[PDB]
Structure formats: structure tokens, C-alpha cells
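First, one chain by itself in C-alpha cells, the form solved without the ligand.
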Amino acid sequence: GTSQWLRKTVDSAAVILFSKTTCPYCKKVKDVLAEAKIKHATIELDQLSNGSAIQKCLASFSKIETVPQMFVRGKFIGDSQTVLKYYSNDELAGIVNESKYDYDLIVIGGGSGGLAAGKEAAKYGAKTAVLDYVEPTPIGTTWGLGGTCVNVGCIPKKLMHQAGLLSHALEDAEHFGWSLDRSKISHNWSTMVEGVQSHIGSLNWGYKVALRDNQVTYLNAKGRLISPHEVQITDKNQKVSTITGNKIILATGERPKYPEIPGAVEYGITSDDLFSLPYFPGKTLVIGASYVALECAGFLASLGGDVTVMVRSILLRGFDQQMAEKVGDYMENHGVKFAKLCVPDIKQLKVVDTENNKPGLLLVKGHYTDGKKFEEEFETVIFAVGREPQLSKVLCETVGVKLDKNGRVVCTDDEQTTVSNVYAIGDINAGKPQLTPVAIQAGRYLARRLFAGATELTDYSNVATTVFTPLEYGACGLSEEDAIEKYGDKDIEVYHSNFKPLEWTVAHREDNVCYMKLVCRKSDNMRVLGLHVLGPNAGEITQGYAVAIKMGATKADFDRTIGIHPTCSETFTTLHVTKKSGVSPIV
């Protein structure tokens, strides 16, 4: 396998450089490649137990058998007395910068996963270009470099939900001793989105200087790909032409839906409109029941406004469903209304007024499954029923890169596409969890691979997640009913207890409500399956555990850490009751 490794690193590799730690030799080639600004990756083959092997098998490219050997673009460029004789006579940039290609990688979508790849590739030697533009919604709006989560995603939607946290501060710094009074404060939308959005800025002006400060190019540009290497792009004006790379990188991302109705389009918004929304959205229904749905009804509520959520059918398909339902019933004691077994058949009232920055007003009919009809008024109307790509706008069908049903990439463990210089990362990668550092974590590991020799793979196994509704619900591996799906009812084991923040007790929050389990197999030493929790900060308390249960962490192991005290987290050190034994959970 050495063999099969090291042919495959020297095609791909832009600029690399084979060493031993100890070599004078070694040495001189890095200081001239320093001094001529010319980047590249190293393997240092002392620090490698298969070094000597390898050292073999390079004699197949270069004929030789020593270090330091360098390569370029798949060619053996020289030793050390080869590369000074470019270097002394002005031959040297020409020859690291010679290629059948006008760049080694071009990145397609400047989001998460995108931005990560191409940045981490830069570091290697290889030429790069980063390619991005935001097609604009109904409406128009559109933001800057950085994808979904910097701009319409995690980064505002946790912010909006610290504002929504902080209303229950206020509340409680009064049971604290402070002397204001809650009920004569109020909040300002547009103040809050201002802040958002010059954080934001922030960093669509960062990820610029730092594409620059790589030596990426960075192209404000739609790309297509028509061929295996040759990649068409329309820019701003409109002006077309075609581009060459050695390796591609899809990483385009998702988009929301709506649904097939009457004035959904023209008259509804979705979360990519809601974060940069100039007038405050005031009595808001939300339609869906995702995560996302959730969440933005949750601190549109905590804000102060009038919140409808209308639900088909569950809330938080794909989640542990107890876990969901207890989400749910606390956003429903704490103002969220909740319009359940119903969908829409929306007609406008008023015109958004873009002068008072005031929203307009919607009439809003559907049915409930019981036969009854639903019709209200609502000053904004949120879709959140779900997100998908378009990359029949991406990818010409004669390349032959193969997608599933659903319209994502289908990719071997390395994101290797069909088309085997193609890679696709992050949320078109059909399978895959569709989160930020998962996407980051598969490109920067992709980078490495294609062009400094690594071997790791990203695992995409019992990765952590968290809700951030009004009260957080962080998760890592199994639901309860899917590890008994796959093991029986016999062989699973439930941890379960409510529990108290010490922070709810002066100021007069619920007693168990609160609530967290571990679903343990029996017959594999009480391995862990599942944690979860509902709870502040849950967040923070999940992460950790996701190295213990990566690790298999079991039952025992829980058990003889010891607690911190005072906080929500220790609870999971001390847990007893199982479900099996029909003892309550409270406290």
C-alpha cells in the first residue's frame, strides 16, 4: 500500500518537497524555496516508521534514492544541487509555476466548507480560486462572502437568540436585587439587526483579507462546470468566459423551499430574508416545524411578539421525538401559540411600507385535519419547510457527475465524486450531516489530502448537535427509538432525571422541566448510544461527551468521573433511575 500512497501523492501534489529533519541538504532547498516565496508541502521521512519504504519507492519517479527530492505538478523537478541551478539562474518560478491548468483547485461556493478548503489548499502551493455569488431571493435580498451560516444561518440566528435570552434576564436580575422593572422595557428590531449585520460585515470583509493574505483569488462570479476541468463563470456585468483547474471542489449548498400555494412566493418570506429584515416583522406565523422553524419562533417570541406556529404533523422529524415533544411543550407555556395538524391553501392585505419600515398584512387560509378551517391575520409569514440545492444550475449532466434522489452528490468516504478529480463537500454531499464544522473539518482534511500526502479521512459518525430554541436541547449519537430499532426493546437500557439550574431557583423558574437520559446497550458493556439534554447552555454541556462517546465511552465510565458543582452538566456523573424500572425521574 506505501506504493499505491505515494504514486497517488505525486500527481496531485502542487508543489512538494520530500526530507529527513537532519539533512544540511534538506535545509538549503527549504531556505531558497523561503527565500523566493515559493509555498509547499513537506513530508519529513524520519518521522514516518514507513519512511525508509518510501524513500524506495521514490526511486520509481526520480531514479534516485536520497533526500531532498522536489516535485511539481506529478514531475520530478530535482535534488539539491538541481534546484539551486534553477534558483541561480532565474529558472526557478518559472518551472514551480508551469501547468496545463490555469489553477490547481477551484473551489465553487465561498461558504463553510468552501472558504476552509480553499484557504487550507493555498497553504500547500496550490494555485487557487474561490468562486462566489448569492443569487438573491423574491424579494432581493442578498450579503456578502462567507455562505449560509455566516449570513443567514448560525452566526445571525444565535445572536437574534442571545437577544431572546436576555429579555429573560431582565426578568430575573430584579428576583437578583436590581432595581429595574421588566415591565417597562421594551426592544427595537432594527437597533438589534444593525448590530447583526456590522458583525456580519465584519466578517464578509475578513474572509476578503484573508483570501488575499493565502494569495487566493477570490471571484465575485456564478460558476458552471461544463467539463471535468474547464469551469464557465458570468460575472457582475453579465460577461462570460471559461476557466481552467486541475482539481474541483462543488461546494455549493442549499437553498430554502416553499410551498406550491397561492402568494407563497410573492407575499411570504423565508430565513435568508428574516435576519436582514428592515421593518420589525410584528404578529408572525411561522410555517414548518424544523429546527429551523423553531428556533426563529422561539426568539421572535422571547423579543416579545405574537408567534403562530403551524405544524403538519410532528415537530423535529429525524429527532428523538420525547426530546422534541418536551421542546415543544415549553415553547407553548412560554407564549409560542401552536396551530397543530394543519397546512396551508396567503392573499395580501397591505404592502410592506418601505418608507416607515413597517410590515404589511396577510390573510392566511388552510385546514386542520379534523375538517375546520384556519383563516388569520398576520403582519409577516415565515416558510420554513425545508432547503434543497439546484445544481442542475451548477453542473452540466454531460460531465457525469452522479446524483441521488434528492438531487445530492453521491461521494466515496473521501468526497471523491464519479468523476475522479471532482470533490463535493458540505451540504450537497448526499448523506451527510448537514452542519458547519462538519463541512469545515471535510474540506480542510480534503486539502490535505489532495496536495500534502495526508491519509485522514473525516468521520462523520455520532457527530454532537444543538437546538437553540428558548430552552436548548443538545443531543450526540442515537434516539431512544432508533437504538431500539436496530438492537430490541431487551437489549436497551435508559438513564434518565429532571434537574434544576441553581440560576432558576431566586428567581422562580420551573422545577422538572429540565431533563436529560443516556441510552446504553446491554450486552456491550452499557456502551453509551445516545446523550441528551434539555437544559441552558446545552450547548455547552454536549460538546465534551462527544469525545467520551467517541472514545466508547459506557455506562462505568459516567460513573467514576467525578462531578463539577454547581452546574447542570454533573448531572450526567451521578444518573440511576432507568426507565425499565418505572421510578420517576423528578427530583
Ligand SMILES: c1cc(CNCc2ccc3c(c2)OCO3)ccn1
The other form holds:
There are 2 protein chains.
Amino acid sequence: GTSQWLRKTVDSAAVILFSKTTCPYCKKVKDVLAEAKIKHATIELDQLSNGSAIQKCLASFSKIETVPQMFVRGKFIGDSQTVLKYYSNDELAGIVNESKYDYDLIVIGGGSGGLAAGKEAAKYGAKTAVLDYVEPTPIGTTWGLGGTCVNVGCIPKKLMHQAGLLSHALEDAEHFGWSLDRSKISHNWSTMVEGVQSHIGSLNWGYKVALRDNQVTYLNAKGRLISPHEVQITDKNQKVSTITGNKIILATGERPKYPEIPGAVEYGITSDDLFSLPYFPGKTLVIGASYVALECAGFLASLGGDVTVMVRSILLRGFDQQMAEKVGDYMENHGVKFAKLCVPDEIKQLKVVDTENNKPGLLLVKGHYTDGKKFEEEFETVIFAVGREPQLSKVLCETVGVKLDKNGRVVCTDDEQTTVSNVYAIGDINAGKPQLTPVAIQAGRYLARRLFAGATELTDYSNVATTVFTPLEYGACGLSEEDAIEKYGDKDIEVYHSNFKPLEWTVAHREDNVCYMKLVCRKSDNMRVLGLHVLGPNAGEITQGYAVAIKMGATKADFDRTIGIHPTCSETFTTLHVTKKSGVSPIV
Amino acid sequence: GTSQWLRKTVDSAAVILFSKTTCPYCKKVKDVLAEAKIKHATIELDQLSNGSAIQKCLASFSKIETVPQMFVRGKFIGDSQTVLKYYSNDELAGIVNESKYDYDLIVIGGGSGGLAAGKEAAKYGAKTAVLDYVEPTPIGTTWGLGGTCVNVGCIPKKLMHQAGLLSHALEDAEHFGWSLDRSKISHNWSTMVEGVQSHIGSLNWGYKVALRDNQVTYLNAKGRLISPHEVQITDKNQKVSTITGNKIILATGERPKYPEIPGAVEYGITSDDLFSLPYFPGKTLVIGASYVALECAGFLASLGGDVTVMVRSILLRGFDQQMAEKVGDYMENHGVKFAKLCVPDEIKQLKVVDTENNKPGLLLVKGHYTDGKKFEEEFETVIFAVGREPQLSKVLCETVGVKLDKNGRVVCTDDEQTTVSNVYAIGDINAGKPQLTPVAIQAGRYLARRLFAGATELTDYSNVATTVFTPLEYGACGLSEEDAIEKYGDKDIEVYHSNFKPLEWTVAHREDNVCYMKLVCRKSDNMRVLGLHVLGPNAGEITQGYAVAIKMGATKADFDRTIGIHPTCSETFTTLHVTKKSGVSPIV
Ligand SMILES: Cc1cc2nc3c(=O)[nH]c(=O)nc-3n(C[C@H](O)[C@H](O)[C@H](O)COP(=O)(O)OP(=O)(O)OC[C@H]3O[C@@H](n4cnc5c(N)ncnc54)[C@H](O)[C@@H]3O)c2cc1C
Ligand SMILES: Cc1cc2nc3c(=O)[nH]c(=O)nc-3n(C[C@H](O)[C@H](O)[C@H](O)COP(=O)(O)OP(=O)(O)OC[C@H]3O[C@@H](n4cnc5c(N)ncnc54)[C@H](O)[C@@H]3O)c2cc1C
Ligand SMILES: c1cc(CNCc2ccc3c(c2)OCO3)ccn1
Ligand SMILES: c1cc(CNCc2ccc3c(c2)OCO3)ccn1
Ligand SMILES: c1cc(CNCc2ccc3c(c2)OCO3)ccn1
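Structure of the form solved in complex with the ligand (previous: the form solved without the ligand):
Zooming out: every chain and molecule, the one shown earlier first.
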């Protein structure tokens, strides 16, 4: 038990010192390693519950039972007198650098998960390389280090959402006494994009500086795993070579899907292209109904665009469907048009994109509704948001033996291990896990600590909160109402709900009964909160704190006994009382 | 035991029915009471864990042990056959309205707590009167029903705060691509005040309508308790009379203090006057350093005023002083001037307020610093925010026997009972309680339920979260750092902290390292979170949800295992790791 932990910790740590906080001989060894700039993990046996047993068990490796004991890649190096000997004789540097492989860790993929994993491992003395390459889009778009979120995801999407929110702030300012005239103000797309791209560039740079300062080797090259320990790399000059590593972390993420119809790849774009587009999209069709489709259609409409969303079946498949419909009704009331139960058949080119004068082209989109009627309309831009997929055939040779599921994602144990013992996977390509940046960062940092510092904590993937940044934001944590009922039966489920109006909306003359919130609870388990849902401004700020309480097992009684902060939107969660079964109206 | 709960419930309830959910005779009585428009409390005995025991003790009042049983004001009325006898003989209405007093409940004070208590009591058949009178300010300001929060507190203050925040929204919108020129835009005070006062008017009216629809008698008259059950009321016509009630709730609140110096009452104003002031204050001096003083100085500066705050000793006494200093440094950098370690001696009038042309007057303020030097400067408006106090001599006859503390607040047990067994106190006049609107409302609602519906739940006054709506907002829940160190010792306290920058501030070129958060934790109790603090935008929305987790005993490990929502300010709480003891910098 203890002994199986110790063997696993010793075998995979790069450099590790066993010690106690008081021990002055340990302090002498720590001082030598600091002076020679040798990074290492440290385990202070006196701070651990079973430190006595661990100490006895070290002798199975070193034949000694005292501290300090220093190990390098599974080999006992010595006590303090022996380490000082190697230092004094100029032998320590070569001992700590001796390895069967080029690297202790190779990370394939330089995004949210891979960067976090690599930097954390480097802190404990693991010799680390991170590989990142960005395959250009069909029209040639490419970007720098940091992955999907940084370059073509959460960061530019929320900045453009903020640009759209400011249009309503300009409107609201008149009612609060400011002299501006909202009608004579317009928006400049390219000025926005320049500011967004300047911030993204500061993040690209900041990650390169962070890897340099952690002594991580950064290769801007494409990686391919050809055997358990061998990674083939291809250069920007197409030079091919092979590097070896003890542990491998696959963190290569996903890219957007295109439907298989004429004209889609040639004349449409995806979110990969949208966030650096040199011209305003103009009259735009968004095909799809994911959070990506709706977030992009939302800010384009707030920025003055003529926008249509073409919806195959429902909005936000997989989210609470009452909330999804409230999200769509708000967008439709504020300018977004919807072509419901409709699918595209072909895109035709009427005008080529005008790169010189910085203007879009023109397209004809033909499609059909599910009853067979025809759709035909002209747009300047067509954005496909119909899902994302990994392409692990470009990353992972089939003979390595890494098992994939029917969607092409990696099948992992609860500690991220693949079917190949030294190979792990994190982030969007880990099958069945929520596909979010904070999850990938947590999994990558926690994994690096288990590999190289003897940690045991696992990543907890349950009840992870989300926020959809539509024009009215939607935050959630836990089960949808229909999933709770499916799992426990309608008679065991109580739903408390209420409309509400932000105080900021009163003087602004905004809508009375559009914002909404509900708690979905289990009667037979002391009214446990199974899911929390809120539609309103700053919904992500509102939701985050409640995710700690749900993690801890909060009940309806816990919300009732906590006092609200006034005046806020979030305080409405502390006084809920109208149930859905009562039939009483939730309006204010 | 169970029996002394039953006695108190029966003696105090106005009209109460003991029932079971599966009982068709109970349903016949319920339907008769509903048709007769008779409101009542209901105790469904089959949903209480010891409903069997309660059934037995009912016989001690009624000599029967079956269900249903009706009681009115402590007297057993009858089973199903007897109640239906009274109904068809036209005797029921006379029986349910028989009482020793004019009212089951008299509430003195129509504010946050009083209105909540009165409406909740009326839902259980208690015959309720609510008295409210607003004594005018020295310059004659008055307002309508709803209390300090509604008319001259949280509601107008947060709306003028929002008006000030929108100025930075105007500035930010240029960097996000909008074509306005912030430098050519001005603010109109009187347009703001009209919008703010129109919302307050809709609240005044809403409360009058709510009372009518709950059958609550509203008297706009000044009340005075002269004996345990007798309340003397004075008319708008100065007509005096007496009414009697069984239970009394004191809920009369506080009003601003003035310093005892020449000119203060005559020529200064307070927050009571500010929110309906017909003219812009102009160059303004705010005297004091409480949350009221700083919130007012803050939005006046954001609206373009020339604003000075005179501080006697420190900012935000009783709040975490590291956070108070960060709050004040932000306002000093954004244009509020501070006269530190200073106190006023007299206000001299130079120019009378011009009611005609809607202009302030002009004043000369004389004061001195603690080192002896002198202060002398002219201002158009002087606002005093040097605390608030009750005036219970105006409310309570000394002979009634209600004990007050040395500050003039009412001394209560943990169920709000005074030293006079039928008189209770709630809200700001209850000694030692946090003086907050949601606290008053919960105290009032919970008390009404104990008096008239047999409830037992008490109000929990511990760890109530707060937010100060300064230009950069400050949210808190639990102990300050210095209070935790004093209570437990420096060696048992660990503080995790970090600066942060909102994503929205990047493209707007706002400051890198002014927003800040920390967790104050107890080492020897599994790193329990004792206090949470955050300085940043939307701080009330950020803080609220964590108050539920802190109520449930959150530890640092609970915050670490919960995953963040990205991109948000609040997510920075889920990955804190820099300790104060380590000396590592908290900057980004
Ligand atoms: C439009 C959009 C908006 C989003 N908004 C949010 C949001 O608000 N909040 C949120 O939590 N999540 C959001 N997400 C999800 C978030 O972007 C992902 O969950 C996260 O970025 C995935 O991290 P990752 O490390 O798994 O992969 P990635 O971040 O995609 O990084 C993988 C990297 O590896 C590179 N790579 C691939 N193959 C190779 C190879 N063979 N060799 C070398 N390098 C390779 C890729 O080019 C890429 O740079 C959004 C996603 C999108 C598309
Ligand atoms: C400037 C300011 C800002 C504030 N901001 C906030 C905030 O953001 N959040 C928050 O939670 N709290 C805030 N507060 C505090 C909040 O307003 C109070 O805690 C709350 O109003 C207390 O309610 P109450 O029922 O005890 O008294 P009140 O709301 O003051 O109501 C008592 C009422 O009784 C009346 N009355 C008095 N004597 C008599 C009598 N003899 N007969 C009849 N009627 C009488 C009074 O005139 C008044 O109408 C703020 C306070 C101020 C001054
Ligand atoms: C598909 C794609 C490739 C090209 N990837 C290597 C590469 C090419 C260009 C680069 C780069 C890396 O860094 C900067 O520019 C090879 C084989 N199959
Ligand atoms: C698995 C492992 C064990 C031994 N304790 C592990 C441990 C816990 C916390 C740690 C650590 C190591 O290094 C840094 O923090 C016993 C049974 N099963
Ligand atoms: C006209 C004006 C008002 C405003 N307050 C009147 C008033 C004046 C003095 C009072 C009072 C009430 O109770 C005790 O003394 C209400 C209704 N009608």
C-alpha cells in the first residue's frame, strides 16, 4: 500500500529528495542543489501521516533508513556525505543529467493542457519538451503559441462579446443622464480586431517567455508518436527527426468540422478564421446551434450585423432545454433571425473576396426544411459551427497500441493513463470529459505532480460549472431538469424558480420578466441541489461561487439559511420559494 | 418537550388548523375556510417526524385526538362537524374575528424589516397593522413608504453608482471600436435624479398595493408604545388616539448624525437629502469615512464633480484595513482628494441656496489636523456621513420596561424578544446585529412564522456577506485578516492571495495590478476558510455564491477541487497558491 506508492514515486521522479523540516543535514543537501541550480521534488516525511512507515520502506531501495536520501530517475544517489562528495569533485551535474531518454517528458500540443502540464513538470526537475504546430485553415489562417482558447476561442470570443455589450451600455447611458446620442454612433470592426489581436500577441509572447524561464524546450514542429517512447518531429523546413522521452502527454485538442456539401470548404469559414478576419463579415449566415454558433451570432448582431442562424433541430443540444429556449427567444427579440428545422445543401460563389479593398464576397446558400420546402438566400459570409473533432491519425501511429473510442478520442483511466503505460492524454481529446479550458489546465497540472512529485490527488470531473456568453448570459452547474427527472423520476424532483430584473435595468427601461433562475432538487435526499441555472447579466460571475457549495453537497436549506447581498442579481438564489408543482407564477 | 412547543403555537396563532394530507374531512374544512375568505396556518401532522406525539397532546386542549382540529387565538373551535355547523348558521365569521385586541400584530415602522414581517404574518390569518412616518430632515426632505433602503439608501445609491460606472463604459467603448468621443460628452444631474426618483415612486406604490392585497391596515402615522399592548398614534392632522395589539414589532430604523459644531445642521446635508437634491452638488466636501461616505464621494467624482473627503483617522473602520487602503488608493488615483487625519470646526455660510435658478450656495469650512495645523477651504455642498443612530425615546415610553443598551439599541434574545414578553425588535435597532437590508427581511419573515404558524427556525446572523459599492467594488464574507490573527494567533493563520486583471480591462488599457483577492484560513482546522475578500468589478455578484460554501464550512481544499469558469474574475479563487508567509509576489 504505502510500499506500492513509494516504488511508483521513486521510479518516475526525475530528481527527488526525501527529507524532514528540522533535519540540518537535509538543509545542507538542499543548499547544494539550489546553488548548482538543480531543480527537484522534495517530500518532507514529518509532514505526512505515515512518514514512519515510508522511512522504513526507503531501505528496500537504498539499504539505509535515515534522511536525507536523494534519487535520480529511480536510482539512489546517496546521503549528504555522498552528495557533497560528488559536488566537491564536480561529478554531480553529470549524475543528475544521466538518462536513458532525451527527455523525462514530451508534451505533444502546446495549448491549455499541454502548456500547463509542461511548466508544472519542469518545476520538479523533469527535463521537458513541448511541441506545438498549428495546421493552417483552408484559407490559410494560422496563429501562435497557446492553443484554441488563447487564439481562436474563449479569449477573442469574450472580448468581442464585451464589444457587443458596450452597445447596450451606450443606450443605457442616456437614461442615466449622459448627453451622448446612441443613434449617431457606429462600430469599426477592424479597430476591434486590431485590439483583440494585440492582446492575443501578448499572450503568445508571454507563453514563450514562461517556457524559457522554466527551462522547457519549445519546438515549433509537428509531433507523431511512432512507438511508446519515440516521437517523430517535422520542422518548418520539413526536416524529419526522432526524439525520445520517458513519459508522453498527448494534448493536441480539436479543430472545426465542415459538412460534406459543395462549396463549404471553398467559400465558407469557421470560428478559426473569424477572430482575425480583416473585413467585417457583413450579412452573415451561421450554420449550427452549438454554444459557438450562438455566441458568434450574438455579438455580430450587437455590432450591427444582419445575422441568421440555421438550426437543424434544437438549440444547445445537451443543455437544459427550457434554458436554451429562453436564450434563443432573447436573441430573436434583439435582432437575430432563425431558420428553424433547416439544413444546407450547397454554397455557390457570386463574388470573390476583395482582399485589396478589404471587403467580403457574396454567396448563394440553398437548403431545405424538414418538411421538404426549399431555402434559398444570399449572404456575404457563411460561418460553419457544426462541431469539432480530433484528428489523432495525424498524431498517433496505429501500431503504438493507444486505444480510441468510436469518435476518435482517447480512452483513459481516471488518472489520465492510456492503454500504453507511459502515455497519458489530457484536454479535449480525453474521451467523455468536459471540454473546457479550466478542466484541461487542472488535469495537466495534477498529472505532472503525480508523475514527478509523488502526489496522489486526482482531477474531479463532476459538476463542473459552465457559462454560455450569449447576449443574455447563461450559467449552469449540475444536472438539467430533464436529466434529473430521467434519473430519479418526476415525483422525487422539486424545482424552485423565479424571474428577476437587474436593478441596473430599471432606469434603463429594459425588460421586466426575461431574466430567470431555478434550483433543481432531490426530495428524498434532504432536498439536495442537483442543478443550478441562471439567465442574466454576469451569469458566470454569479454561478462560480455556488459551484463550491454544490461540490460540498449543498441542499435547499443551505441556500435558505445563507443571507443575500443587496442589491445584486445573485441574491435571488437565497430567497427562492415558488415551486413548479405549485403552478404559482414565477413572475415578479 | 413536544408539548411545550404545541402550547406556544396554539396560544400565539391567530387561526390554525391541524390536518393530514390524506384526510377528506380536513379537505372539507379547508374548502369552507377558503370560501369564507378565512386565512389560516396549517400544520400537516403526517409530514412531521413526531406528528404522532403532537396528535396526543392536542387532546390536552380539545379532549379529542383525531384530525382536523381548528383553533382561534388559543381556543379550540371544533372538529369537522362543528366548524360546518357554525358556517351554515352564519356564526363562523364572528368566532374567527373575536379578539381581546384590535390587532394580532402591530408593526411600528414601514421599512425593510417591518413590511416583510407584516406581510408574512398576514398570510397566516393574523390581523395586522403597519405604521410608518418619515420625520423630515432639517431642510424639510421627506419621502414615501418603504424605509431607508428603498428611498435614501441601497436603491438610489446603487443606481447613481451605475451612472458613474457608465462613464468608464463610454471611455472603454472607443478601444473596442465604437466611434464616440468621450471628451465631448457631459452629464445632467437632474435627468438622473428624475429617473431615480421615478423608480423609487414605483416602489412606494408597489408596497401600498402589496399591503392592500394582504388585508394589512396601513396607517401613515407616528407610533409610540405606551404600555405592553397599547400604541398611541398621531395623525397627519395631529389627531391622537390609541390602538391595541397582541404582539408588537419595533422596526423603526435609524437616521444620520450631525457633528455638534456651528453651522452643521443649518448649512450641511446628509445622504437623506442627496438622493433627491434638485441641483448638482458642485464642488463637494464629504465629512466622514464610512461606507456611505466613500460610496457617495465615489459616484460624485465619476459624474464629474470636484470632491474631497475629510478623514478623522482611518477608512472603513471595522473592515479589513489592507482592503480599505486598496479601496481608498483606487479612488485617490481616479480623482477623489483626501484630507487625512482632519476634523471640522465650523461651517460658515457665504451664499444661500438658490431655489429659483436651481443652484447650490457657497460655504466656508474651517477645521484642523491632529498635528495642530489648520484647514480652510470653500465648498458648494458639505455632506455629513459620520454615522447613524436610533431615537427610541420618540418611540418607546420609559415606563414600558424595554431594555436598551448604551448606544440606544434594543437588547434582544436570539429570537428577537425584548425584555417585555410580547414585544420584539428587528432590523437596525436590534443591538449587536449586522445592519443590512436582507438581514432585516429574513429576521422579520422568520419571526412572523414563529409567532403565527408554529415555525421554529431562527435567523442566523453569522458570516453575513457584504459589498461596498465604491468605484472599484469590495466584497467580503467572514473575518478580516487582523481579526483572525487576533482570535487564533499569527502562527495558526495562512493567507492565500493574488492580484488579477479582468479580461475586459485588457483591450481598454486599464491597470494591471489593482484588483486583488485573498482567503484567510485556519491551519489547525483543515485550512478552514475564515474570511474571503475581493476588490474588483461586480464584487457583489462574485462574493454571493461563496457565502453558501462558507456557511457550510468550506476549506481551502474545497476551493481547490472545484473547477473554474473561464473567462471570469471569480475563477481566480479556484487556483490560489501564493501564501503571504512565503513572501512571493502576488502580481500577475
Ligand atoms: C470558439 C470557441 C470558444 C470557446 N470558449 C470557451 C470558453 O469561454 N470557456 C472554456 O472553458 N472553454 C472554451 N472553449 C473550449 C476550449 O478552447 C478548449 O476546451 C481547450 O482550448 C482545449 O484545450 P486542449 O489543451 O485540449 O487543446 P488546444 O487548446 O486546442 O491545444 C492543442 C494544440 O496542439 C496543437 N497540435 C495539434 N496536433 C499537433 C501535433 N501533431 N503536433 C504538435 N502540435 C499539435 C494544436 O494546433 C493546438 O495548438 C472554446 C472553444 C472554442 C472553439
Ligand atoms: C446611504 C445608505 C446606503 C445603504 N446601502 C445598503 C446596501 O447597499 N445594502 C444593504 O444591505 N443595506 C444598505 N443600507 C442599510 C439599510 O438601508 C438598512 O439596514 C435597512 O433599511 C434597515 O431596515 P429597518 O427596517 O431596520 O429600518 P428602515 O428601513 O430605516 O425603516 C424604518 C422605518 O420606520 C419609520 N419610523 C421611525 N420611527 C417611527 C415611528 N415612531 N412611527 C412610525 N414609523 C416610524 C422610519 O421613518 C422608516 O421609514 C444602507 C443605508 C444607508 C443609509
Ligand atoms: C502535414 C503537415 C506538415 C507540416 N508541419 C511541420 C511544420 C510546417 C510548417 C511550419 C512549422 C512546422 O512550424 C512553422 O511553420 C508535415 C506533414 N504533414
Ligand atoms: C497511495 C499513496 C499513499 C502514500 N501517501 C501519498 C501522498 C499524499 C500526499 C502527498 C504526497 C504523497 O506527496 C506530496 O503530497 C498511501 C496509499 N495510497
Ligand atoms: C398628506 C401628506 C402626507 C405626508 N405625511 C403627513 C404627515 C405629517 C405629520 C405627521 C404624520 C403624517 O403622521 C404624524 O405626524 C401623507 C398624507 N397626506
